[PDB]
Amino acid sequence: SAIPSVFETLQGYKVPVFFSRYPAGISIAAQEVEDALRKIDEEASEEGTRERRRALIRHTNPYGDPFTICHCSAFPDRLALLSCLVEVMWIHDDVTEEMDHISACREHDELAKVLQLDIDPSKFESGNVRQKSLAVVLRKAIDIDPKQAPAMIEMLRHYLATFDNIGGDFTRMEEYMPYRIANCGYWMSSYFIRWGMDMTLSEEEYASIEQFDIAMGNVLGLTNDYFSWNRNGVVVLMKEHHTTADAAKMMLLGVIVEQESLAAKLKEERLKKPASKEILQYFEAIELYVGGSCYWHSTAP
């Protein structure tokens, strides 16, 4: 392994519904991270709201938390920070999903006011609870790695500017899939996969695995669609191919498994050339992220 020993391996074969070829693990700091996530949930969502209820369901899987599993490769102190930061973005996603597109877009722009390198959380006490909570955890995530903070902020601003920026329904996967990689948060989550390991890829290194990284982003979001069906690839496929929902769900599963195979082919292609420890760490950590996401969805009640 190229990753520090900060996770335990999970036995995915024991879960019948778990179909991914990729591994799953869980962070040695799971308890502390779950505790941090409970705290941020009580501060970033108001009591009795829908978003508060959706946050609590997200953190009550008996088999583990989405953050402690998917981001099990991260150093524990970074894991606590990135988990709580992404959690505020997830609360925000739940809040804005129930909004008309105009109001959602305004809410994304309001939250993005907090995304500043010089953020002073005290200047947002008059703001909504997601602004206040994001500001506090973003401050800490800047402090722990100031060298990476400009890139982090750029990634977060680009996420809020683009992840939701669509006018209506899709009718072909060729258009839905690039949208869905961004919409499921993969570019933010995979950024924090690297950040949580205190590492980066060079421009040349990232370019060399970009197709791999798109295939894994497809797996992540489309697997999210597959389990949620119990905006969705099942509907896109039904419309594109004029089939029943059961036929389209089976097609979606086939698409996911082929993307998992494609990622494995692209990784094998890259590993024919010399690969830095950073390239090897990202491969290992992003496979745990994707396999872990499949595991979490496969066990979540």
The other form holds:
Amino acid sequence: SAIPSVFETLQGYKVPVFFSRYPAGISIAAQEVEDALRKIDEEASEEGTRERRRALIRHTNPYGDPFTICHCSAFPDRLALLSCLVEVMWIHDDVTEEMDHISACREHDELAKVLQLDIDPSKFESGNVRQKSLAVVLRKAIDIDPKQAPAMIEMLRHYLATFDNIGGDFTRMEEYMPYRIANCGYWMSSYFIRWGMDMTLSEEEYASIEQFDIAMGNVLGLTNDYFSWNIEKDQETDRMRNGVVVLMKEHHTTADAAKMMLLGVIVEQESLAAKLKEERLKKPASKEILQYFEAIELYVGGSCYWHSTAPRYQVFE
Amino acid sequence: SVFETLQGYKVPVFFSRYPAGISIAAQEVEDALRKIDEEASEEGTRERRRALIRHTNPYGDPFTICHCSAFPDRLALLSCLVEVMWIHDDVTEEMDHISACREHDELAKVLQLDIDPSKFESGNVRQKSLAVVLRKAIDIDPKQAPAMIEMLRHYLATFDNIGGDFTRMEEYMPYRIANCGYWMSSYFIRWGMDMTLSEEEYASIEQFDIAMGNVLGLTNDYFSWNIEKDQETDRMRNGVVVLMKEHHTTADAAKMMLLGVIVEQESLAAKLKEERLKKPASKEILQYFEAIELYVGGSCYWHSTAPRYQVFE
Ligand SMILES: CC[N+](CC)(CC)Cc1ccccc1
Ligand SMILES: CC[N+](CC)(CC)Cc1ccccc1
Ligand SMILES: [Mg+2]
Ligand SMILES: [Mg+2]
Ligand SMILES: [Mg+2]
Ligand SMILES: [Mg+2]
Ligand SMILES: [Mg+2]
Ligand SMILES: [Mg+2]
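What would you give as the form solved in complex with N-benzyl-N,N-diethylethanaminium, now that the form solved without N-benzyl-N,N-diethylethanaminium is on the page?
First the chain shown before, then all remaining chains and molecules of the complex.
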């Protein structure tokens, strides 16, 4: 293995609905990260709100926490920070998916104002609770790695500007799929996979695995679609984001037939990623390339594993 | 301990959750298979060439992988027996249905507990070869030979006796389990391990077994669609076309749907096994679980790379 020994492997085969070819693990610092997440949940969502109730269900963990599983490759000190930072983004998602698109985009621009290299969390005392919590965690994530902080801030601003900026329905997979990689947060998550390992890829290194990265991004968000369809199908939204409804429209099929199609699409993207990795590895590969491969496979395989059994996608209104 | 475990994750198109192995007796079995291919098919025929292509094996032989759990003496017997059935399939698929059924009936005349192979030297080369190996297979296990013959007669009577097109999966899937030979192959998974299941033991895992049978034949459909879609037949058997007709989609969409159906059947089977294992389970039940998973996993592994299914340009 090319990444530090910070995780224990999970036996996915013991879970009947876990279908991924990729491995799953769980961080050795799981308890400590769960504590940080429950604390930030208290502060970044208000009592009595829907987003507070969803945050609690999201960290009801019969098989493990989503972050300690999916980001198990991260150094423990970094894992607590990136988990709480993405957790604030996930609370924001639950808040803004329920808003009309225009109001939602204002809220994204509001939260984006926290994204400063010189962020002072006190200057957001009269803001909403997500601004307050994000500024505090972001402050720490800058201070832990100031060399990477500009890139992280650029990544976070690009996310809030683009992940939810299209309002329509989609009618073809070939247009939905590129957008859903952004919408599902993969460019943020995969950034933090590298950041949590205190490593980067060069421009040339990234370009050499970019098609692989896109296939994995496809697997990650479409697998969430597959598992979150039941809870999403009756959600009241002006912009459903789920491959099942896209395929229903593109091919004029029932929900059930479209969900079978989606699962096949996912499995073929897992195979495409595996082919693309095989081709890359016919040329010499740096240690950094090898550890991105290993960690992103644990991210995608762990995500499948956690989604398979997460109360979030089964316990709803 | 008659097999080595394969690393399926190294094959990008291998998607099954189930394991794959290969027999320690692979070379012996392949020699016997090449031997029977010369005897049970005629030089320069279509079916001879398809049999040679079937055993080109960059990753291993169909039989040494899927039936890797069998004692090596039985493996060479059941592999050559099924192989004659496979040649027979290649021959009869391309015949009109009535002619095919007559050929199935002619072949079944060999299936008797007291077969005398010399009684068939004037018959066609598949009757000849099947009688020879059937004799040996009866004799290696006379106690099991009645059930074996019953199963083989049931197979030739029901695997290809429907002639129409299928327009719903609800009907296609139970028929495809038989049409793909799964009741023959799964019997030889038990026979090859010199064991059996009692009627109640089988009753307790029957839904599991149906789910695995669905996986097996539908996985073949997925990987063999590319060649079968242009084959001249009056009775195509492939879930892709069934789904195209039932849901009115393109072939590409139906193939995606079929892959999804397969993976959900693999999950269903794992759910059913987990349920069964909440009650006490005999050694035999545990043996079948482990060997049938190697069969289904190995079959996905072999199909995913077999030259048999390749199409070019
Ligand atoms: C990091 C992405 N997200 C988006 C809801 C948190 C903001 C959760 C998620 C993870 C994996 C797949 C889909 C969504
Ligand atoms: C064992 C069944 N068969 C039928 C062509 C030999 C008679 C090969 C086969 C194996 C698995 C799936 C489909 C076909
Ligand atoms: Mg969302
Ligand atoms: Mg959501
Ligand atoms: Mg979702
Ligand atoms: Mg056939
Ligand atoms: Mg055939
Ligand atoms: Mg076929």
